[PDB]
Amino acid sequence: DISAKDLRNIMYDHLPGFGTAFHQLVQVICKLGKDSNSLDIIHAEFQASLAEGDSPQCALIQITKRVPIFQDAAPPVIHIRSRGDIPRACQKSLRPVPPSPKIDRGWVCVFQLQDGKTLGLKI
């Protein structure tokens, strides 16, 4: 059975650059997918979108809209030390956190810093 690590690697293989907001979205998809035993359907939706000609970025977004565990779901809160622990390619995608962020509206995750600061990662 496909593991979260393997799915991450498969999805990363299709992405340009590294440590981008789409890479973090892969991590969030794999994490929530693993916790809901849904890695198989996520992988199948990913492959199906690619096979139709969608960009890998669009395929990842379509997963957040097509796989029921992501529908109307809040972004995971991720505790970190400083803004530095966030990858360089994500820095310009960080925003103040909106009242009710949703993954299927492009809010990938909420980073929670040590001092109480919080930032939402937006696609």
Contents of the next structure:
There are 4 protein chains.
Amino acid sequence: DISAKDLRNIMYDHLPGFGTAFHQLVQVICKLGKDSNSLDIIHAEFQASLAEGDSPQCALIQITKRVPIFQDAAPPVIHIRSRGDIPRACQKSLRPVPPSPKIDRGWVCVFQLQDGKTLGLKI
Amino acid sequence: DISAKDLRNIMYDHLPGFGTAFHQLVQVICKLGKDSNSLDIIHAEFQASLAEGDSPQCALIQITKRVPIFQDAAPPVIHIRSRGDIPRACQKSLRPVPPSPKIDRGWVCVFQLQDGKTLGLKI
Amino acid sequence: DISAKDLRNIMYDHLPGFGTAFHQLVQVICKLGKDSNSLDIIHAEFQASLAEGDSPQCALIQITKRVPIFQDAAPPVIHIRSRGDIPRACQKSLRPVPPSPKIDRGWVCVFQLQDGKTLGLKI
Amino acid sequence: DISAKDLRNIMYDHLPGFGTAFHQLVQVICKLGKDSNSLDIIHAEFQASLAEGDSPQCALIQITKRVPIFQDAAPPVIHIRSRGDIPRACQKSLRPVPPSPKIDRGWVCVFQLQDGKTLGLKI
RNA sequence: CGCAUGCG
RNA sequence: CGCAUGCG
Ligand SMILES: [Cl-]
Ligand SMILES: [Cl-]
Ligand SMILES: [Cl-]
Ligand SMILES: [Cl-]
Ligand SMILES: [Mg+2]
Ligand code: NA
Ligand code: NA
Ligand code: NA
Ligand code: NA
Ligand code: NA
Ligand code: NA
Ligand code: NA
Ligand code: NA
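Please show me the structure of the same protein in the form deposited with the RNA bound, now that we have looked at it in the form deposited without the RNA.
Up next: the whole complex, starting with the chain shown before.
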């Protein structure tokens, strides 16, 4: 068994840079994983992908496609006070949110400002 | 149900320029699509990607990543007489081939000259 | 011996466009070069890079990599009133600041608004 | 102590992709290193850089600026049959050689084709 | 500004 | 085509 915090840190230590869309995806993956008791399945898939020589980024995409909790799942809403609260290497990946975004199509999360404005983070 | 020619024309209508590396990708997509009877699935993915705000170029890339026939597929080899047979706008995207290229990693096709020399087309 | 104004004019005469990130880099280079009495050394590096085939943009970058005053240097903070004060052609190169930015890693300057919000200019 | 083969492989293992300008720089560094008996210092410098959190690419550039054999050193000439013999991710880094290329200014090597054409590899 | 790698 | 990272 692995905790959410421990798994996030393992995943973060494989990712280039900081505050990228993949860093946000790690947080999303680990929260949904925790809530669905999928953390060990997720961890196993991550390790196996690395073992096969896949990039960490590739491994995270594959998790959203292969682990059941993410299949046909909507991105979580993340409430923020301002655009400045969005991770610092994600700003160019924001788009208006479509009617039915799916995590397995690259919609990581939906940021929601205090006036209710939303911005979708897309890989 | 959609013709390969018709789907090609739809795709081309969305693309900037003429004879670009993405026009070459359209042709590869339509050939492999026709052969696998996947043209309707391909047309659906193209439209779904455009609908969620993807550029036409990105929508084509999404097809290679999401439609089963392109999964792990090696690029076709296209035999040519000279480098002049390659559309001029594709020339900036030409590069030597790797050991085991995959369409879903950006390798559209491999051009091969009479003397066996090759030039890969990478988006 | 060369003045900061003369060097800036030489550099500008090489650059395309108006109000680009590279124009701001010139201003940063000439200021820190004036302060450190490095203008002749900067000038020599600029000319030496051009002579070996670097673009003017690349030659300005080579100065930040090669001239001692720019080594690990933190970028200057420029106080502004609105994001509209930042030249239009620079807008594409703006992003949030990292923990400890350095000129020789591409951080030209940091624009700061009255309320303390910041925008880093990254080449 | 370390051998030239063991050092190359250590360095290669840290580099992204294959056949890049940095892969060629590894071969150059270990060749001139071996010939000048600088392998242990080169290894020491590479490890310290990585320990500081520098990228392997950064570490290799620092070697060319810090290790005496590379200071003001001419790039080696590599005799090849045709452009196809150049490493597969170096083609876009080739340019005409200036009068006096230096490794510490990023001139990794000069390829000499059988037809007489010279092409310098520039980082 | 450009190259390389990763990802879509 | 775009984004991210690294390098010049
Ligand atoms: Cl906003
Ligand atoms: Cl449709
Ligand atoms: Cl403003
Ligand atoms: Cl290693
Ligand atoms: Mg983050
Ligand atoms: Na990181
Ligand atoms: Na067109
Ligand atoms: Na091959
Ligand atoms: Na590698
Ligand atoms: Na280059
Ligand atoms: Na990278
Ligand atoms: Na790329
Ligand atoms: Na970059």
